[PDB]
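Chemist: Here is what each chain is made of, one letter per residue.
2 protein chains.
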Amino acid sequence: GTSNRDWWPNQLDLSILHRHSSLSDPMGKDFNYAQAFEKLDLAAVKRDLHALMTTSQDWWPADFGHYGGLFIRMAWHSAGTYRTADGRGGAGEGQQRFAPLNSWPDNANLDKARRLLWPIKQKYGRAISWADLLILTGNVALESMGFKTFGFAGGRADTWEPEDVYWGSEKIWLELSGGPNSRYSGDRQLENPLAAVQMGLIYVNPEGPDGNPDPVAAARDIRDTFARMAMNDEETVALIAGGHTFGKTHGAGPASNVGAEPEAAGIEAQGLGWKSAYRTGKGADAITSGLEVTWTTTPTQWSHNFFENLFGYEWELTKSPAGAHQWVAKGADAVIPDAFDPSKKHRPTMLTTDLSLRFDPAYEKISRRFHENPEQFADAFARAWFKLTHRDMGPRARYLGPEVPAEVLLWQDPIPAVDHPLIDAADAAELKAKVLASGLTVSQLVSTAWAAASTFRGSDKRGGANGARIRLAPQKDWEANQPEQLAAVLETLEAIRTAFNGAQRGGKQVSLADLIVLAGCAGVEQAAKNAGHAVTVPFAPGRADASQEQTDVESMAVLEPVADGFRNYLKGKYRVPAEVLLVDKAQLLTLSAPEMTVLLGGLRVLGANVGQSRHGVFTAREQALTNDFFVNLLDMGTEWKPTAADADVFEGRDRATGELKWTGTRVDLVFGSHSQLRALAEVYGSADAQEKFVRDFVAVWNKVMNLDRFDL
Amino acid sequence: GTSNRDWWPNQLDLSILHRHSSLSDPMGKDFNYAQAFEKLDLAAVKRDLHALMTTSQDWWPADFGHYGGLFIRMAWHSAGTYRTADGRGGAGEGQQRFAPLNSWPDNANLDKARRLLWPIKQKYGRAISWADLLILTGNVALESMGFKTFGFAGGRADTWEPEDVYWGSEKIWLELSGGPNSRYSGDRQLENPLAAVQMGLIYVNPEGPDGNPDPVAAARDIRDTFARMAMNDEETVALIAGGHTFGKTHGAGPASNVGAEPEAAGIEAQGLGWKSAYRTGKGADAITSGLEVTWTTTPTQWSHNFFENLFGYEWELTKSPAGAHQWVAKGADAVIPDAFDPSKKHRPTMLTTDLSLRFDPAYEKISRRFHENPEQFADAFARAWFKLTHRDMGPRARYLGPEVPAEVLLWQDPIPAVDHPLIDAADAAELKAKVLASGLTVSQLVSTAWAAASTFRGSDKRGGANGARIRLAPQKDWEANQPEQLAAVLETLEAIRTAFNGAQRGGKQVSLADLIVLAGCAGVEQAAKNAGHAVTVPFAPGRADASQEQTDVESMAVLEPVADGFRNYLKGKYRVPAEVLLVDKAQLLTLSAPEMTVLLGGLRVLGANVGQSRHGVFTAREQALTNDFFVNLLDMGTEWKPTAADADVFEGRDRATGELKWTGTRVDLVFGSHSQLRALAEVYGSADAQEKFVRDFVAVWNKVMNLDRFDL
Ligand code: HEM
Ligand code: HEM
Ligand SMILES: [Cl-]
Ligand code: NA
Ligand code: NA
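Chains as they are written, first to last, in the deposited numbering: chain A, 36 to 747; chain B, 36 to 747.
Derived from the structure by calculation, the hints contain no laboratory data. Incorrect hints may appear among the rest.
Because identical chains share one entry, a pair is satisfied inside a single copy or across any pair of copies.
Computed cross-link-like contacts, SDA-like style, restricted to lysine to any residue with a CA-CA straight-line distance of at most 25 Å [stated by the list, open to error]:
1. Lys-620 - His-55
2. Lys-620 - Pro-430
3. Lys-738 - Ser-57
4. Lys-564 - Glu-657
5. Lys-206 - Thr-37
6. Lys-727 - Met-62
7. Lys-206 - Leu-49
8. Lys-727 - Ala-581
9. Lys-738 - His-55
10. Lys-496 - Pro-140
11. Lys-676 - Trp-94
12. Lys-64 - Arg-54
13. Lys-564 - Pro-44
14. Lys-422 - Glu-198
15. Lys-496 - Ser-57
16. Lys-64 - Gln-539
17. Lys-543 - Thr-89
18. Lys-81 - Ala-312
19. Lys-543 - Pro-356
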């Protein structure tokens, strides 16, 4: 059947805003995962997982009689899709069990790992999510083989359909770089927001860059992709050598033996894939990557044998039974045990990418330190394994269960505890009146609260107004945040705060983080009053102020809005049309198409635009909350044309007289162009819509102010 | 960006079950269109629409100074997408304003017509839908130009995104037959469920079949496509001759002047398309179809001039100014007015498809009768226009406002009024005990109530258990309904009815329609009891029994289920795989994926399979309501393979011993295979899910029993 996407392959896709509907969710609308998890007997789950580690199924026999290695790779792959650029991927939604990730070549035979866990998932039911189980299983694998983990948090709710993610433009799995859809340009520059070298890989090609078995060149791809997944040199070395302390690769015969990935397989495979015609198809005959490497003398026990082997031998380029590049120890004894035959032993082997840890000069210093000091190695690995598997879980308030680490980590963007009484309804009314009496405008108050709250992204639950980090480096200097206007608003608000907190009894006080949001609420109420409408904007106190010392300035760079349609802002020119970037921004904010529409039309007439640009400001009563944006956009008395200067900017002229009435961007005019957005704009631009516009605008304003409020 | 559809273009699409969520809907979840429409001043709207008819806009000037013809085409095209095969298309959801229909070639310049209506839509807001306004505007155009309509119902709620319709497989607009995705095979057989001859046409090609100007062969396409839109010979002639009493076609210059359709046009076109470089690009210079035909000497007034011209001249094949085939009257004077220049007159002209009404022998007799009896033409056209424009609105109980015709029409599948007290909860408990004491089994009761209720489709709101049509021709004879078993159940239930109605005083009686659904509910109660669960199934009385004379046997044939995965039924072998037909059926029943999953798992263990097939009956306690289907399907102890005889039947064998445990169809095993369906099966197959399975099943059972209950 030919679809709208076939006919008009470049039209905006709004479906990404309407995923995760009550319709697709088999749980009741009242289902609370946290409430179910908090009654889970986690100790009983961990005992079942521990017994599973050494209970081989004949449909996928356990290497060395232990599934630990397989389950560590499973949990590492669940977490390893994460990109810092947009916070998409990671383990936080259990997306490994859906398309496309369930059928990525780098996830080959993790279908077997997930099937081994069905009996335990079945036993504990809704009290443990697949998303949590995949990570827990990884932890129990490590614990069962003598490794002390840093801890574990539950709270990853299951999802019921594929995340809409840009994974790249290539039309062939594992396509080498330099093709018609190359993710590389210039001097091997990987396109944002990608964090893997090839379509269907987690980070890098274990053979080396585009198959070239050079460990030095491979090191470059390792550093670049791992930085793009929030990992520095020390963390990267600890993770790779930590993982490759356990288990083995599978390359027993030619890859051409392996059949269809799960999403392409027959219905009778019942959700499994990569069926191999090679000998038994499994166990001693398994083919996964096409490499055949076993790193250590005890693949089912924690050791420091990975670095002993890395540094204790010289390495020779060789080929797996499948014809993949890999390395073997020159002049070595057969010291490595076979996975199935207790009478066979093998020489030490390494991947190109393992030799990166010795032949990259910066990696070599860390690898030597970890070699000489295996206790430093074990602590770095434990901290990195925690960070990897929790990086997208959001604030510490979301962390459930008895194994949550007490140590607060810089990477968590921590919020101090609140140790004092909160402001009540009468206090909030008093502070709103003081804000409005200071002379701060609707535009200053709405702009500032928008700038603070709109850094939130539901992809990894980073950002939001909690913390008041808008006052700190680097947020206070982001071009979109208008740093000089921002500094003047914050100076006034901080004087209001000091005066209010000075006058209080009983330790009651208000955070700047709360006052920034409450001020924006006053601005919206004033705008409604300006329009002749009395509304109360909801407000929930309880935000706290984080310090500069509790803020990683480098990690915060990825939250800079370089495109924000709701402020008619574009830092530079991009491949991607501005209207596509607007819908991407709405998805990160968790907004529906109706919520995006009403929010943007309101923000335009409140003066939220960066630099007080007139673009899209379709009103003669700026700083009044009206549906003017919609009534004026949909007026067929106005005709629109691109400017000679700039084809991304449109003039709206009286169709009769040619008089210039308005200017607008692609972000403004898409609401009068796109057939589904124009239908929404019509509802808000109708003569009966004033009360609905104000109500809906206040609702979506309050939603944005509260995105990071997991403390509630 | 490469998507799951790009990687796996044959996988099932579940997104069609999760459209029309609260997320995409700008209205509150409490919004009731019927209540809004009931408060509309319909008189005021019609005055505004009368005024609009002759208020010409410069950007699309009115032919003859009256938009009536354009608006009649607009309304005809809104209604004209309808197919009897699945009930999809039609005017009932206002889909002409969305992709792809807003951009079909046959809908060229109807973007101008919809834009002319924006001021009226704006003025009345949510109190009149686009869907109601398109039809009402058609009605007012006819009334303006002197034709009395049969009436008008409101109540078509607006929709907020495109409907998922199979319009065909061609990848080229207007592709002629015999291409690589031909909708024709054999002796010009049109594939079900399509009801148009080319991709992007409403019914037929106005030049003739694949552009060959033979009015006799064109008549064959007209008869076939109109039949597939529920219209017989009389209705077809009345509609074509009626429509083409008004207005004109547009082909003033070559089609190459005409630019991008609306979904392809620049953002500056603000939702309009087909911008033309020919002269002024509008009015006298307009290009829409490429044909240049004006039928009557009074194109803005009801006349008898269509059939006077048709029969009154001999016709000569000629070419429009765009190169299109059309016909001119031999030796005629210039009697037809110009649309713009009072000093120009034209000879009569006709389309190939107009001449069909004269040169097809069966049409010729109707056309001659209409020519000789113009009152019979006016009455037939008025009745056909009402049917065309209301065909997909469902039972008369949905019809709103003060212009609803009182006459009950056979095509409405009418239900008699209830004129008696209904059964109460005490009566319902008595009837259920009598049903269970009769000896009717769980399997008999569930199968019968499923057969009765599951004919409903939300596409045109035809079907359902109201009317007890399962006891009439043709439903009582349908293979899927198991005619011999059905006869036996109906006889027993009619004996219980006769005895209950005979014992009543005060006129109280129960309909067979009610008793069939109540007897199904008792069957589900009994099944729950068989499984040790205490369950009440909700029931709402008030169905009535329709007569055979109130049931058009030929119209009822299109509701026959030739595929029903819920009974593991396939009537023959189709090109579409059975799991695609299952999701298609779920969409028609208005089911979500979770609802489809629970229902099918339950029906399999209750014995609802046609012919008592063992396929998918994965329980050892048939007629007990359990989640056995899920627990057994997901059991990894079982391995599945297609049979020798039949690649569409699968055997489930113990992995260890090779013993046969189960058999299943594609419809059974897709729940074990598709990654999203398997995630749902797992919820219902978990150790904590027995009660949730029972309660979810009862909810979706009652939902199906109530689908056609608009009387509530
Ligand atoms: C440059 C980064 C990495 C590369 C290129 C890489 C590559 C690979 C490859 C090709 C395999 C073999 C797959 C098979 O044939 O079964 C594998 C196995 C494995 N990897 Fe990695 N890996 C990397 C990082 C990591 C990290 C960060 C972890 C965990 C902290 C990890 C843990 C494992 C484990 C446990 C296995 C063994 C699976 C088993 O026993 O079945 N890897 N790796
Ligand atoms: C065999 C079936 C039919 C064919 C092939 C057909 C074909 C056409 C074509 C090609 C046009 C010219 C479009 C243009 O260039 O602007 C037209 C116009 C029109 N048709 Fe039909 N039509 C059919 C049936 C109907 C029916 C059922 C109705 C209404 C009951 C209808 C009412 C109209 C009217 C009112 C116009 C004039 C538009 C104007 O004045 O702007 N037609 N038709
Ligand atoms: Cl639930
Ligand atoms: Na994420
Ligand atoms: Na329909």
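Chemist: Hints numbered earlier in the text: which of these fail when held up against the supplied structure?
Modeler: The structure breaks hints 8, 10, 13, 16, 17, 18 and 19; every other hint is satisfied.
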